[PDB]
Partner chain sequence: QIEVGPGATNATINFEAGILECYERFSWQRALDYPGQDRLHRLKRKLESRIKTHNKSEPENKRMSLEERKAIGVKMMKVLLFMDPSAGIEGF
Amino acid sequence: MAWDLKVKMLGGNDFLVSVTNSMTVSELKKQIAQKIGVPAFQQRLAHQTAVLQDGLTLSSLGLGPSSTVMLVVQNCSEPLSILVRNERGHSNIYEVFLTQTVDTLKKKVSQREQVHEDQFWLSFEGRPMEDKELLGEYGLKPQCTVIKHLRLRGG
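Next step in my check: the chain by itself in the form solved without the partner chain, please.
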């Protein structure tokens, strides 16, 4: 069910986070980020010398209270030029950083094609990208493709 899981980062720290059996590794990284301060996409977890996939569940990994995980946060620094598609088919290139919020990317594509910030939304790999969250939380690869949809403002 629910239990504490110990996380160690190659030192005197062995801090416990309260996780569940029906929790994925990405949600674990988010919970670690909520108390460690480093964005979840920079983190990388390993149990018994085995990299944990962000989509897999802790139950599928055989993790339990009598276990410990080792964390290493990655040192991302470089930016990347990514491709943003339009709903009519147009394509543009934007140079962004994994630490920039999605709001800044919406501002960039707005200033590029002069659309209101509240007049459209965007989505990577079929997932709608939330506004106040970072880009790296969606796994934006270099030269990847991001879709842009014009939301019909109505009510």
Given for the second form:
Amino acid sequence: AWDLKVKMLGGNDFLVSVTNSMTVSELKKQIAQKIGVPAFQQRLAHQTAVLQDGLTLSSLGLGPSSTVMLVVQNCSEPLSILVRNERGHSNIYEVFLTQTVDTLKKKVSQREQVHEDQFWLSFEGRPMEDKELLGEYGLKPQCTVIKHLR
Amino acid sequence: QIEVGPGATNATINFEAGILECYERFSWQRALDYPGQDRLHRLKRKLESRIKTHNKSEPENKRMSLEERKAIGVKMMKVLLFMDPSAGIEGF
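Based on the form solved without the partner chain presented above, generate the structure block for the form solved in complex with the partner chain.
All chains and molecules follow, beginning with the one already shown.
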């Protein structure tokens, strides 16, 4: 186990604890734990190559000598998405990617008049957990979320 | 004090819009200090005012939102920064 130098635009840098077997996703989560920038906003690079989230850090040639570059891609603007209930009737909702799955579940609870406990959401099969951010699942404008019942 | 023609008004509104989006993105890296962040706030508001106004002496087909103007600024800056009309096309 060893520490990894993450540099940000501006110049500041900091240190995250990693392993040769840690994935870019696991590393991104580590950064999100360490300084609170959601993983989904993180674009990482190393020697000008962007790091895809699947590979292992050692397989990408990172080591205790390495320095990795972080750029934050946020967004102010909201987006519109669909939530297709079990009966095939979609409804249009306005969401921010920094909002929680929970706050969206509330807009749906209000609109479809269903307790939050009685349903859950999924995106392209990946189930969505209340506490996580909507950006974690790759929502794009006018995409379709499915509502599952109980 | 460089002489310009008219519509440099529109060009400058477009330019400064792109300038705003650079502030927006810079702030996300958490590197914009607190006074700079006010400048971003001020700049956004001064622009929307200038945009609305300009959106009136403009033919209705040529009314562009703050957002569309941002896309135009950004391609301008991509030309200036590399000194290159290639950038701002779609792939540089």
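Numbering follows the first chain given and starts at 1. So that the term is clear: the rigid core is the largest set of C-alpha atoms that superpose within 1.5 Å between two forms.
Only one entry in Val109, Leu61, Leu45, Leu122 has its C-alpha moved by 2 angstroms or more between the two forms when the rigid core is superposed, and that entry is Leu61.
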